[PDB]
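Participant: Could you build all of it, start to finish, from the sequences and the hints given here?
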Amino acid sequence: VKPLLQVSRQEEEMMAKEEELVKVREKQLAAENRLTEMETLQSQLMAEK
Amino acid sequence: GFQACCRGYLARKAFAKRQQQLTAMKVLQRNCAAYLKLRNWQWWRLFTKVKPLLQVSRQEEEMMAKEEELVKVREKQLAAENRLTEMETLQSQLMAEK
Amino acid sequence: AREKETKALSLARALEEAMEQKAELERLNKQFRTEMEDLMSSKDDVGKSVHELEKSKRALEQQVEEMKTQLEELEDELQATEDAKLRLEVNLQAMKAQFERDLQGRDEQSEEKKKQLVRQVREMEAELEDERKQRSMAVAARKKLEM
Amino acid sequence: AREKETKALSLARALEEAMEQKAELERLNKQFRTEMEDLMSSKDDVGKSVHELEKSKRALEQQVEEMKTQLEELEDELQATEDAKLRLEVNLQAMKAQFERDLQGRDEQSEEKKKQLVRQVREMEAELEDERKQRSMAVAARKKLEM
Amino acid sequence: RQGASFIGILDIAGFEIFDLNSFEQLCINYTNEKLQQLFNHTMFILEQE
Amino acid sequence: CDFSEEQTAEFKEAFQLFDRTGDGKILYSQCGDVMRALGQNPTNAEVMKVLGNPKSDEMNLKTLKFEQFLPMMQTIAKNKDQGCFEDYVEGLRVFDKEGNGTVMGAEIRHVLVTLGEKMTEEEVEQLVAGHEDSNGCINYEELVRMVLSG
Amino acid sequence: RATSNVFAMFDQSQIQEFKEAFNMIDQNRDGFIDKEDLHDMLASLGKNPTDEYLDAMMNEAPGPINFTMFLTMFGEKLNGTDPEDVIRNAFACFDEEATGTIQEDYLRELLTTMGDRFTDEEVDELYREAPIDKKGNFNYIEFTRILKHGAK
Amino acid sequence: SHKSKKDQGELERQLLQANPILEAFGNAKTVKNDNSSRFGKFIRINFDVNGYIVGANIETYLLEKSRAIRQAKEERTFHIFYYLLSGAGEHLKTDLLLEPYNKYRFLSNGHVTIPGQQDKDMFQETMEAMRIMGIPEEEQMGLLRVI
Ligand SMILES: [Mg+2]
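The listed protein sequences derive, respectively, from chains A, B, C, D, E, F, G and H.
Just so we're on the same page, full-length UniProt numbering is the position in the first sequence counted from 1, plus 833.
Just so we're on the same page, full-length UniProt numbering is the position in the second sequence counted from 1, plus 784.
Just so we're on the same page, full-length UniProt numbering is the position in the third sequence counted from 1, plus 1470.
Just so we're on the same page, full-length UniProt numbering is the position in the fourth sequence counted from 1, plus 1470.
Just so we're on the same page, full-length UniProt numbering is the position in the fifth sequence counted from 1, plus 441.
Just so we're on the same page, full-length UniProt numbering is the position in the sixth sequence counted from 1, plus 1.
Just so we're on the same page, full-length UniProt numbering is the position in the seventh sequence counted from 1, plus 16.
Just so we're on the same page, full-length UniProt numbering is the position in the eighth sequence counted from 1, plus 196.
Hints should not be assumed to be uniformly reliable.
Unchecked claim - Subject to a maximum C-alpha distance of 30 Å in a straight line, what follows is the list of computed DSS-like cross-link-like pairs (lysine-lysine):
(1) G/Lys51 <-> B/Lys835
(2) D/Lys1477 <-> F/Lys66
(3) G/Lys51 <-> G/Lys164
(4) D/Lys1555 <-> B/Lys810
(5) C/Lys1583 <-> H/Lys199
Unchecked claim - Partner residues are not named here, just some residues of chain H that face chain F (Cβ under 8 Å, in silico):
(6) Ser200
(7) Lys202
(8) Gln204
(9) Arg240
(10) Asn242
(11) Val245
(12) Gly247
Derived from the structure by calculation, the hints contain no laboratory data.
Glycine residues also receive a C-beta, built at the ideal position from the N, C-alpha and C atoms.
Facilitator: Okay, here's the thing in structure tokens:
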């Protein structure tokens, strides 16, 4: 009966939505951290220049 | 004369604020008055304990809301990574200039 | 004069109340005249249509019941429409506050980032401003030597 | 003060007139009701029952008239309420659209002022470096004098 | 830090004479003489200029 | 009365909305603010005048009935010292030292707090709040027109 | 109380939720709560004890309760209440900084002073079960959950 | 910034504490002034376009650092040396290795008092001033350890 049930399909779809959201959210936070750090490196290299 | 106009405007604004805040209070206190008795009613506390079970009967809106959240986050992260790589290449050029 | 104005207002209210009482007593007396002509002239009569008089009374009572049940509908309809208006009012006000929150957030982020730019620019302008004075000193010192 | 005092006292005179007419009708109607009910009481009991039937039927007719009047007044109140609710819904939509426009205005103003700031800042940096060069020239011309 | 205008408040070390005056007092009394010349210049010279 | 009862019915409610005696009465200090809430612009001098020059403590203690408040409103409605927008803009321009249609918010605050019937700093900050620009300048024509039309 | 069509009191979603509730709550699924159906549910969901005294409330809705009667008895106590979102929006008129909280004393003052007034006893009777902070913050956001989805 | 959101503002409260601190470390009792400052300072207070305070900057001049080492026959060194030595608790005396006034030879006159003051209370006042200014206890202890 579980392959017949729709609720399991809706839960699976919600989990897929959440998982892909989490992937893009992790990339968002990592990209923000990387940009901030690298920008501080760039600014320090400007001062050294 | 102009101070009388300003003080009138201020009093009138504060009155309108009181008027809406009083309608909000009427809603709030009427609802809480009904709650005070209904809170203690056996059938209500029974139904509310059943409610988590019947709440399984639910609409699809959270999945599309998560789809929108995904899209917004994805586009922001792509922009952030593009700006990061532009800044990093510029920083490497600053290394060459140093 | 403005005291007399309210004295007159109060007495006008009293006069209007007494006149409404008089109008009601007139209605009563005039109805009682016709009812006394019924009491003492060929009427208060039996059997000829008393089943129809009962039918009319029952139909009137039925119409009162119909009006009362329609009122028991209209009272809840008015209650529900008023409650809908209250939901409208409270959501509208909260929406104005929410849009004010959005406007403040727009300013908070945009102005903070831009003002950080303007701060760095102002710190650079402080150097430009001191360079103005250093140049003025240099040219004044040369004019002091040129003599 | 005097014209309004004369108005107040004339209203008081009218109030006393209405009050005395009210009291006159009060005792007149009490007497008349007593005389009329004695003519019911003295009549035969079935005819007396038909008088109470007609009396109650007339009162029930007035009751149905008052009921339908009240339902008409409540219908009008309900219509005015629904018109007000629709007005609030329209005003909510207009307010939403207005704040949307204001938000787009804030976005465009933020972008425009960011661009203006950065562009003028490039000019400020160029003129700063120009002032650096011209001050360096002034001090070089001084040193070439001192030498 | 975007200050549009400022009020400055100066409180220098006041004019000193001890039983033993040293390099510290020379610099203090020089500063007091400079501030007094600022008063004289502002009041009597810039005014008439 | 020499006044339209249709709005007297509204004034009864708007007066009652000031409720803090627990009944159909309100205290002398409120009288000016209820008159300003009903749409008139009485000066504090006018408020004291119609109240018969009460003492500053009596203002806290003595009270009006609506039957006494209605003629107060009528007196202020029928006769007034109120100027107009075309006058007030000419008054504000006295502070316009440059002719651009703008005046300094700190100047307008200082003026309103110090001259005439002095306003509190809390009131005046609520007045100027939202009329900021990057220069601290208020456009007095629009400030006056907004306050007057408000 | 008034006798209108029952649907006017409830949004379609709310009466649909009551229909679901009653289909779960009727236990011998004859279409009616009887006292056994009630105590069966009460024991099945709740703890081991059963309280026949609750039969003195089942009787309150006359006869064996049809879904229209079940809805009637809930709706007549539930009337005079409003959605969670408008109750949060109502609290927003007082929490001017949108902290999500009002002070315990300040909410007591607000409730006792104006409109159709609460007694201080009724406010304290809210506080005897409402969420509260020993620092004084009434976290009204949680109170809106407790008033509709909660009650532990 | 007096406003509808009426407050005891942070920058106002901190600005008032700056002088008690610089006076504790900078000032000393000479024969001419019991609160002789021994440095010059220029306080620059910055105002926005609305005339509200947004920042202050304190510049100082010519500190008489030599006073730390040696003093004339009725004078004190900088007040903080006496605030610490008299106001430190036994745990602080132990942690900072503090000694009687007669052990130190940089305190040429030993313990010397100022009429109408108590160094043990001025110590607590100075530490409260440092707390209000937001100098954390590790930095306050760093200062006292260097002293
Ligand atoms: Mg059953």
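Participant: All hints are to be evaluated individually against the structure, with a verdict given for each.
Facilitator: These are the hints, each one checked on the structure:
A C-alpha spacing of about 21 Å is found between G/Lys51 and B/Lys835, which places the hinted pair at or below 30 Å, so the restraint holds. Distance check on the hinted pair: D/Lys1477 and F/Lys66 sit about 22 Å apart at the alpha-carbon level, within 30 Å; holds. Proposed proximity of G/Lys51 and G/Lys164 is supported: the alpha carbons are some 26 Å apart, at most 30 Å. Distance hint between D/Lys1555 and B/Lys810 is fulfilled; the C-alpha atoms sit about 18 Å from each other, no more than 30 Å.
Only pairs whose Cα atoms come within 30 Å are accepted, and C/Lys1583 paired with H/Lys199 is accepted, the gap being roughly 25 Å. With a least beta-carbon distance of about 6 Å to chain F, the hint placing H/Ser200 at the interface is held under the 8 Å criterion. Contact between H/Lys202 and chain F, as hinted, is supported at the beta carbon level, the nearest pair being about 7 Å apart and thus within 8 Å. At its closest, the beta carbon of H/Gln204 sits 15 Å from a beta carbon of chain F; the interface hint therefore is violated under the 8 Å criterion.
With 8 Å as the threshold, the beta carbon of H/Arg240 stays out of range of chain F, its nearest partner Cβ sitting at about 20 Å, so the hint is violated. The interface hint given for H/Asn242 is violated, since its Cβ lies 14 Å from the closest Cβ of chain F, which is over the 8 Å cut-off. Nearest Cβ of chain F to the Cβ of H/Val245: about 3 Å, under the 8 Å cut. The hint holds. Checking H/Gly247 against chain F by beta carbon gives a least distance of about 4 Å; that is within 8 Å, so the hint holds.
Checked against the numbered hints above, the structure breaks hints 8, 9, 10 and satisfies the rest.
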